[PDB]
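Once you've looked at the hints, dock chains C, B, E, D, G, F and A against the given chain i.
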Amino acid sequence: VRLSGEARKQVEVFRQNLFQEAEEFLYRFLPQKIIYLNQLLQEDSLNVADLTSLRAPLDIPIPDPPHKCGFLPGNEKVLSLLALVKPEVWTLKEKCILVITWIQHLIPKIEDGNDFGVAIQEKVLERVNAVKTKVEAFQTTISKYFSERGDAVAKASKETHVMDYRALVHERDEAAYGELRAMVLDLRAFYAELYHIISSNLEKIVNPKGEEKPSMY
Amino acid sequence: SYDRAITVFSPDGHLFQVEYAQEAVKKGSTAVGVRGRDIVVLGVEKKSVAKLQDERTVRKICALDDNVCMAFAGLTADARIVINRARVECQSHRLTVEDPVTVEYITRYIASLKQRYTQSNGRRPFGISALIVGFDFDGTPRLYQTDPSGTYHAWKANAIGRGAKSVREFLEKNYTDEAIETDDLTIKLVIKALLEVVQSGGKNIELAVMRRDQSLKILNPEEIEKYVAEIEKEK
Amino acid sequence: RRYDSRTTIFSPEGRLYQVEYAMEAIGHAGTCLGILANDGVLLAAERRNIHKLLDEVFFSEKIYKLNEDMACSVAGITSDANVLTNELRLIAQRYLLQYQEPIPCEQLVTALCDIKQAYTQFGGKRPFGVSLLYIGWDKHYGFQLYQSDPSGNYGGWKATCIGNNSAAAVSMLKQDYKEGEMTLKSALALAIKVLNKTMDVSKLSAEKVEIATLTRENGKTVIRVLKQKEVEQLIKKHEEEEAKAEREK
Amino acid sequence: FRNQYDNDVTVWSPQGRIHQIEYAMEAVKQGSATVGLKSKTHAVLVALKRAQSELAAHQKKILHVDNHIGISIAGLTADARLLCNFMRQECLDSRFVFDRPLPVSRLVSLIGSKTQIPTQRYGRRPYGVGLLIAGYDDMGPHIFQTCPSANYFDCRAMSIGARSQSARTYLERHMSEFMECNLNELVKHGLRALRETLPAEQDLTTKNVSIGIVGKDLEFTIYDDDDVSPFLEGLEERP
Amino acid sequence: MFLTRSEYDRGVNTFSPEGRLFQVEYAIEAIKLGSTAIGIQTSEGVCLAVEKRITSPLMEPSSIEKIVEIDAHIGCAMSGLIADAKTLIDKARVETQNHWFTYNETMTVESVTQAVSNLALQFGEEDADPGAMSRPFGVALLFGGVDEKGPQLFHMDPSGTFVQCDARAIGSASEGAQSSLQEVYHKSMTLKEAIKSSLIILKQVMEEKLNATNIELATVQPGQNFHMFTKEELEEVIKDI
Amino acid sequence: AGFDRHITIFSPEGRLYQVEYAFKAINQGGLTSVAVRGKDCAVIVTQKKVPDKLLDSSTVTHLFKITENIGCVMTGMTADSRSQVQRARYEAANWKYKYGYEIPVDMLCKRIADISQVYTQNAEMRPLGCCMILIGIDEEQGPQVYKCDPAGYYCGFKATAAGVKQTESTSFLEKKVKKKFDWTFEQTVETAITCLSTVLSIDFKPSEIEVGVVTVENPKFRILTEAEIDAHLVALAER
Amino acid sequence: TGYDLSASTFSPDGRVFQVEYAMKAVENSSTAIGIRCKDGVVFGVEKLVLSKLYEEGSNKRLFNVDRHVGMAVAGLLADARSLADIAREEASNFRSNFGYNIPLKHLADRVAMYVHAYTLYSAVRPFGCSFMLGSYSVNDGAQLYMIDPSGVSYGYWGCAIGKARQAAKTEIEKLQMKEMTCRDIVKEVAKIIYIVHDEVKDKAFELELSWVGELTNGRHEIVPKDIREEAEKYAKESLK
Amino acid sequence: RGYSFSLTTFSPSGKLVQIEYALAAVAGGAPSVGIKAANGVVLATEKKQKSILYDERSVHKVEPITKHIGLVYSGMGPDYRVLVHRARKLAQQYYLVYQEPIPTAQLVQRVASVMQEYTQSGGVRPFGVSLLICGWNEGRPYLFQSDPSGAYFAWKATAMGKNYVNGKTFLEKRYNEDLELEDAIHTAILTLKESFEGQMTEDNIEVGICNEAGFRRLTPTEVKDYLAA
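Protein chains in written order, with the deposited numbering: chain i, 7 to 72, 89 to 239; chain C, 2 to 236; chain B, 3 to 251; chain E, 2 to 240; chain D, 1 to 241; chain G, 7 to 245; chain F, 5 to 244; chain A, 3 to 231.
One chain only, chain i, in its complex shape:
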């Protein structure tokens, strides 16, 4: 199609920015994030052993057998750990988007054969899309935690006589802590798996069809 010089410049600018950003990300940002998440899971807060340390008071007046509930705070430990985790999961989703776009722009013209390189590109795309779905699952469950805990404490205050709702609130907090530590572990693992697969197959990823043939034609 006819392209203006400005149009060609804009497209080439996007292309070069994407290529250089992908190189910078995989070579520099990924190792940094791997060690950062590693030390973070090594942090003592993520390695809490006695879960009753995590459970926080719910000041619901227990009903005496025959007045009102004060402000019920969120679990400070869990919300602080969430404040740590949320930047990481959103960052990983952003970087996986970047990798997807980089590989897709590297996909060559459709052709009948020599499709092994594009097959490699498709396989690594399958993997990066898989981790993308996984991080989206992380992103929805973090909101599910807040909604579920709020509903639970509302139920406990409404029906004081039921203690199972109180046990449920504590259980939601504990399950949330377990999910969060598994989450940071998975985030580090996803960064590392991206690095490994891309570094291993970079030659076919960047140059799928390969070097020019002797041209029998």
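Think of the hints as simulated: they come from the structure by calculation, not from any bench. A hint or two may mislead.
Said to hold, decoys possible - Quick partial rundown of chain i residues pointing at chain B, CB under 10 Å, derived from the structure:
#1 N136
#2 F138
#3 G139
#4 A141
Here a beta-carbon is modelled for each residue, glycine too, at the ideal position from N, C-alpha and C.
What follows is chains C, B, E, D, G, F and A alone, placed relative to chain i:
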């Protein structure tokens, strides 16, 4: 889909198994050829000694006849078969027409053999490309290249095998009438070109020359050491 | 999807996977070893068949004599091995009939390797799932050791091993082998050492190995198989030496 | 699905139909149309030629096998050329051996056998070409058609190729008068018949028409672009 | 809505539904990969031209031979697979010399084209000989020669069909080059005009700027034999344009 | 799976399922044949079923004469049966030509069976879906009964059956040999007929069965007439 | 199920289905019948006229495979013509070697074995033709044989092949051919063919008849047109 | 996968799996036992018959190739006979060429070469049978096995067929090199007695012996006498 048989054409008319054989050639060790005014130099990299192996058994450069030699990049056994077949054809041509083979004649024969193996299924293409060098009756230097497909082309200078793209870019830059002026300059040019893609200089290159009316000479390792030393010093 | 069938299709990236799968087969085989020395060349192999009710009727299970001036040891499929050895003997005797001189070692290896390449290239037949070592003396180049593979590619080696734990054998031989300093006795000791290292059995039985040596005596090559007493003495000497090296520490 | 049973000629279908032979019979439909018709004293072949481009010459659709036999092809030119070579050699062999012109019926029988052998065996494809064979012999004028299936027919008139049903119906409604026609009347009838097959925009020309005539006194002759103008001029116009 | 099953294209000797025999059609598609070649037939002669498509400067330009001599009277220009082209050129040459041997005369361009076409037809494998390539010949040839009928230009394709053509273009830009041929060509044009027009069209289609190196040009005239324009003659004409 | 559908390939249990399917092909016919040996005679009986009245009853037969003194009964595909019969006749005549004496029944069975082996080992052809049972008199060994099967097994027998009711028939015959007293010619024929009639439940009439016999007194194989068959049948019913 | 693809294969239940699929080929064909009587054998074919353009006396399904025998075919006409060439070759070879006209039973056996060769091998398909053979010789008598695509061969007092086989067979069954003579049998063959012909599905047919017998001095020949017209008029009259 | 069906295709990990399947076909075959005594070698196998109707004299599982060689099989009966005919023919060719009885080692080499010849071509299947080839040459006994693969081995004693592993263990427990054949036949029938799943009788087994005299199939009366113990 269309890459499993040599006979079948693809949509858009690509025969892909021959392309795969041409790709197989790229795996092989590098080889380089250059035409000097009075010399043709053929240089090939050496993979590694392995310290319990005898170097004499492995030789990429070979003499088809008194006036023709080849180097190959690709499947070693296939190269051995093709070399033997070309040698017997050389002696048979001398038998038939009482004259020595021309370089274009022998490269045509080798290309025809490779073509014969491509055309029919039940046979796989020879996974080799070759660099054939010789001096014709007039005495002009000749350099030809062949590939699994069966096309042959004369080259002023060329490379085959792994790193062929890089070294041929270097050679497109470096090659000129000035460099071909001296035989030592031709040898130094090919040595520098192989140095462009090789782990170490003297140990990992096996080089040979053909002069106007002399047999093939594989340069001694001491001579190659002297030439790389001269090349190294000038930088 | 599948570019590994029919041995005549170059896969993308240009690899013949049938021959590679055949090369995989030799790794399962019993380890065979060959060492080159100044005065002679030897072949040593591990008799993988160690069933109690087997008879040692033959000259050797693994070692074969191809000619007056050379021998071979085989690792791979025994049937293809038998075929290849028969072809080798016929080739050598054809050369002797034509030129009335013994077949050169490299020429015989090259001929059989041409056969093995041919089986790769044409469609119907499978590649020979065999790798075998050749040892011989020729007037042109003296004592020589050669290795071949299913691909039809051969090389000359001072010392090499094929079969199971070949990498360990080669690693041990690399450090131990002294270029230009070996004698047949020292090479035999080295062979016992590397075989003991590679073979899973703690003690080399002296019925679980077969050793043969090629030497030139009185202007005529002699290919001899060391008898059970000789190899028993060798393993006893190696055990004593290794224990004394142990005792010092 | 039934993609199976279509791969090769050697596979019968569950309802007793060899689909590759039928797929070969589709090949004749691809080619430009041809018409053949006979009188008591003559047999005629007329064809519509096609051109790859304006600069290119029109293809050869009528071929002479012998003085007493000639053919016109619809379908693959390769198979046409091969079968024509076989027929020519058969006629030459008959003249060498017996010093008589080969009977046209016997020649089409030979064509049928040669064509049948591919259909039954694995390997060579069915000959995907349909031929109209026209000749004069002692018995009289004859017209035959051969399908990519080795079956052959004897015809008062016939048309093969693309859009040939129109020519067939014209021929059928006008057939009775053909037998007593002059050669000029007969070639004019055949020309109108192939004119039925053409697109409405297209019309008969000197270029795209070829005419082949054989008779008691006339050996097989192909009247080319310049020579068809006497026969074409009589025709009036499109209806 | 996409139906891409094909499932019949693979393997010659298979008539697909509608009886199209797609391997041959794919072979006819194959010549579009080749360099563009162009032929013009005139009363003064027939000219042939082709773009060499030099990959690298080091490659010798003379070695690329996309126009060749079958005999003095006939020359050929080819686009498509160089190897099977060489095979068909060999068949053409041996058939011309066999005709000279047997009948002491020169073949017509139509007869030579038919001779090579018969070889091209053998992909069908009707013959039992082993030495015939199963695949169709992936090349198109342009046969130009002066015969008893004067200058003649014949086109040959992978199918083995052949036709005379006043002007034809084969190769990648045959589509569009043929339209340019159709507009420019008139039967009366002299060979000088034909050479200039063919080189104009080749300049249009060729990606690289036209130069004496990257084209090959030839002409066979009634008085002359097959002739290739040298570097100097090519320089003169490409300057004249 | 795919381990079936080709005779060459072995199953992972090494069974060659295709030949086992050829064994089923015998039972697909719906007919049974029985052979029983005697002290001085051997007999073969088999069902004769005429699907249509229009069929000539004389032409339809499963009893064939390989040579003057050997007879066979084929069970399975009619065409494969006739082909194997022709091959057996050729083998017998060729044996006589080469070696100067009539082929033994065992050697004929061995030749036919090893041919069946070459069929079950080579790829392209299929095992003939038929079973043969040969009866003859050997001077040294007396009467003989032998059976070929599609696999190449050729074992000799005292008595046997083939077809759909083979298991029932051999169960019946096994009891009769176990209570061995003897078999004269009449008792041999009666045992065969009773076995076939009992397993089928047919209660035959003379047209429904065809019997062939060999005897040391008259070595030539003969196919008994309907009258002789009815004579034997009436004797069975009377007692 | 890949069992039906090839004739080398067997079904798991012991059936070679390609042969049955080929047997289904003949049922596509228009009917043909042959009746044997004391004097000789009469053949008849319902040759459907596909187009007015086609010449009469074309697409003949009645062939003469030797002077004393004739062949009537149903199924693929190409395969049938080829089988007729094979039968003619067999008859000529028999005459050349053994010095006399081939017996019909032997000829049927040889062509049947040739047919049966094809069911075995994978490379080549079964024939798509079922055909009847008939001859009269003073020694052998009147003989009618039918060969299926399998290579099964049998002798029939009356026989039918093609689309309307079953109806034709019952009509033939109620005939008593053994006592009758050929000049009546031609009329009854015409009657049966006209009965089984379906006017709605099949537009029109031209009755094609032949016989062999003593009346020919043992030569198979096409019916004289007067006798054809008489039989056809009788068939139209009886049809009502 | 595709490796399973093809015979000229090395599977990944380098296995010719169709041959392994042929060996599985051998394993299903009836038990056969071979014991090499000092003065002889005994070959034994079960000849279990489906019914009394079978005539035992008609066919034999133990066959002589030559005067001094005989063999027994476990696997496919037809394949056994193809190669027994070929073995007899090879031995006679040797006698024509050299005018000496063929050595047992040479015969097993040749028949194994035949068996290997069959495996290479795709159009054919391997022989679904293995053999125990026994002989007496140069005043020495011999026992050999030849598998479908085309390989051969020399066994002092071994078993093939059903329960061959258990039979081999029983043999190595019971085997002594000093055994005379009078004892070795007893050991062989015991080795088979492990694996019949029926009451063995003179008919149900077939056994043969080789010695300085040559190979012979000892009669039903002889095997009855030996079975009496």
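Here is what the structure says about each hint:
At its closest, the beta carbon of i/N136 sits 6 Å from a beta carbon of chain B; the interface hint therefore holds under the 10 Å criterion. Of the supplied interface hints, the one on i/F138 holds, with its beta-carbon coming within about 4 Å of a beta-carbon of chain B, less than 10 Å. Because the smallest distance between the Cβ of i/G139 and any Cβ of chain B comes to about 8 Å, under 10 Å, the interface hint for this residue holds. With a least beta-carbon distance of about 9 Å to chain B, the hint placing i/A141 at the interface is held under the 10 Å criterion.
Against the hints set out earlier in the document, no violation occurs for any number.
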